[PDB]
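K.L.:
Here are the chains, one letter per residue:
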Amino acid sequence: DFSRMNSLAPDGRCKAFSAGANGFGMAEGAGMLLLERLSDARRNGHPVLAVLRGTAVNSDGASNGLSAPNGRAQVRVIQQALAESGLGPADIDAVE
Amino acid sequence: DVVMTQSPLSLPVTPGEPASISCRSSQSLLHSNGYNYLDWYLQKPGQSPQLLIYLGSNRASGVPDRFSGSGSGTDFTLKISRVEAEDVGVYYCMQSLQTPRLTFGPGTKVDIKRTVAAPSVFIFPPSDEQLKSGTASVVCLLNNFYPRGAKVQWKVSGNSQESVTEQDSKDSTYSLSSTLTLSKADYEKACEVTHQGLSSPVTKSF
Amino acid sequence: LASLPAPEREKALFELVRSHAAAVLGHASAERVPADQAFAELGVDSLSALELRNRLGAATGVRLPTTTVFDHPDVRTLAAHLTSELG
Amino acid sequence: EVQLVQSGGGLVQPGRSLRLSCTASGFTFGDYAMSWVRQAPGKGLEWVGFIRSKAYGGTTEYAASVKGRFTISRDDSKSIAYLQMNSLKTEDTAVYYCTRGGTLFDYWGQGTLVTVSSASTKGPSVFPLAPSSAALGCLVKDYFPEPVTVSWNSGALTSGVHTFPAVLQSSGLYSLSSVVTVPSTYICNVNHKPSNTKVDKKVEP
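Protein chains in written order, with the entry's author numbering: chain A, 243 to 338; chain F, 17 to 172, 178 to 210, 215 to 231; chain B, 1404 to 1490; chain E, 3 to 135, 143 to 193, 200 to 220.
The set of hints was computed from the structure by calculation and includes no laboratory data.
Be aware that a few hints might be false.
[Stated by the list, open to error] Residues from chain E shown here face chain F by an in silico Cβ test under 8 angstroms; the list is partial:
1. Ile82
2. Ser127
3. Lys150
[As the list claims (entries may be wrong)] Mimicking DMTMM-like on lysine to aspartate or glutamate, the simulated pairs with C-alpha atoms at most 20 angstroms apart in a straight line are:
4. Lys148/F with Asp108/E
5. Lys205/F with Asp151/E
6. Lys60/F with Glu48/E
7. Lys60/F with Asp108/E
8. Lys125/F with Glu145/F
9. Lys45/E with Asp81/F
10. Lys125/F with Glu183/F
11. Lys217/E with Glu183/F
12. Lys45/E with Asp144/F
13. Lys213/E with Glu145/F
14. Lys95/F with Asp81/F
15. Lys216/E with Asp144/F
16. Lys125/F with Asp151/E
Beta carbons: idealized from backbone N, C-alpha and C, even for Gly.
Modelling step: build the complete structure from the supplied sequences, incorporating the hints.
P.N.:
If you want it as structure tokens, here you go:
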């Protein structure tokens, strides 16, 4: 069905930010994190590998399609998680 | 004696950047109660001042926690964690150990920080119909210069006034108006600046 | 394609565009589809728009732009553009 | 919630009385000591004085420059703070403020532009700026009081427009210099609302 509206790549590669972009490089997998407050894994001795300063969830709103992304709704989710974490555009070194 | 409480001026702060403003204090403001007795005030250009931080470190409600504060017995430091575009104005080092508070302090010119530009020295001879109207006003216009640390000379001074706008947004510079109000006869008897945008004075006359 | 046989070359192309619109939107009753409604309120998304432009480029033998659905938001506008693109 | 809206602006000559009221709403008026602050245009603030709470009683302490001239009173049942101006002079031309404390000015009134000037209401002497060879401007010399808007090309050109602040002369008048910076034959219009002296101007080098 992802093939039916022609949103996929015929090779499986997510050519992100590349001239060879064709669509999703659809793959399957998992991933799962154990989370705790910073002053809750330090008194308990639990290893602290990274801290989530802030997070945000923001819908695309009235986009140009259900699957179509919104150009001005991602700016508000990058800034809401930015104004909730107390961090800023010059503090994040790299972006996944 | 009156405690001297002055805050360093010329504070260039750019959006998204952490700054730090300190203060001087001759007589110790750390009172016997263990609490400093100084305040931090911000006069928003075109609006009323605001209470930022009292007792040296305690912040007021309404203003966000970005205004962090601390200090020693004499030395104080308002740790503005970060500046955004609304965070522009005059900060005041008002102490609170000796009423009267008749002097609030010269105030700190907090400015959107940007590299140094070249002041556009524009000499403008007054209109002749003004000269037949009874006055004379030659203006040495300064435009698009930052920081504003220059005064205009009038050679070949004392009749010059000051007129400078605050910073704009998308260009973030200053503009100066040195108006030399003059009289009838003395018109037929030059202006230069010493801004850090240049080094040698630029001499252009009417 | 109609060979400009009459000024009806206009209404026939309009009806053809409407028929392909009623066959792309899943309208089993191809009788009537809102003409004054845009191509974003009738459910004409990426899939519908793409296969609609393929149908119009196959029946009328034209080369519609990829962003035709956005260029002509209305079926009236699309029909006018297609009928005006004769030569 | 708390509001400390003020009232009592106007235009006076040196040597007469003026009214300043501080409206109190949202709190117990008798708890805090009402204070009054004066802000010289574009430069440093100066504090006037305060009245202590009637629960404290105390006295009314003023600045050294307003001894025997200004007095401050307070009342709970009608909840208005007073700054009485008597024997006004030139320095009093400033925007006064009403502050919520003798030592802790936590609140701040919006500000009343109190003006003590010897001038009279008349149109401006709009004097142009012939470019040297550049920028084109035009002065607004000799106008009073200070409502003012100077546009270029009659509100058509907005890039490079610099509406320079008011210029305080010793004669009590004002001067503005609105200048645009663009290579070229431009229109600058000044509208003085109180006097209806609407001057249009054409400028050439």
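K.L.:
Indicate, hint by hint, whether the structure satisfies it.
P.N.:
Structure-based check of all given hints:
Given hint, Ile82/E at the interface with chain F, is violated; its Cβ is 19 angstroms from that chain's nearest Cβ, farther than 8 angstroms. Given hint, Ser127/E at the interface with chain F, holds; its Cβ is 7 angstroms from that chain's nearest Cβ, closer than 8 angstroms. Taken as an interface hint, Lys150/E checks out: its beta carbon lies about 6 angstroms from the nearest beta carbon of chain F, inside 8 angstroms. A hinted pair counts as satisfied when its Cα atoms are at most 20 angstroms apart, and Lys148/F with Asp108/E does not qualify at roughly 54 angstroms.
Between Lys205/F and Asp151/E the CA atoms are separated by roughly 17 angstroms; this keeps the pair inside 20 angstroms, and the hint holds. Straight-line distance between C-alpha atoms of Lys60/F and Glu48/E comes to about 16 angstroms, which keeps the hinted pair within the 20 angstroms bound. Taking the CA atoms of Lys60/F and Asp108/E, the gap is about 15 angstroms. The hint holds against a cut of 20 angstroms. For the hint linking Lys125/F to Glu145/F, the alpha-carbon distance of about 39 angstroms lies beyond 20 angstroms, and the restraint is violated.
At roughly 28 angstroms between alpha-carbon atoms, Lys45/E and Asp81/F are farther apart than 20 angstroms, so this suggested pair is violated. A distance of roughly 17 angstroms separates the Cα atoms of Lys125/F and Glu183/F; the hinted pair therefore holds under the 20 angstroms criterion. Of the pairs offered as hints, the one joining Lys217/E and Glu183/F is violated, with about 26 angstroms between alpha carbons and a cut-off of 20 angstroms exceeded. This hinted pair does not check out: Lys45/E and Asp144/F have alpha carbons roughly 34 angstroms apart, beyond 20 angstroms.
With a C-alpha separation of about 19 angstroms, the suggested pair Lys213/E and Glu145/F falls inside the 20 angstroms cut-off, and the hint holds. The suggested pairing of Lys95/F with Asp81/F holds, with an alpha-carbon distance near 10 angstroms, which does not exceed 20 angstroms. This hinted pair checks out: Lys216/E and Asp144/F have alpha carbons roughly 15 angstroms apart, not beyond 20 angstroms. Distance restraint check for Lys125/F and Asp151/E: the Cα-Cα separation of roughly 30 angstroms exceeds the 20 angstroms cut-off, and the hinted pair is therefore not satisfied.
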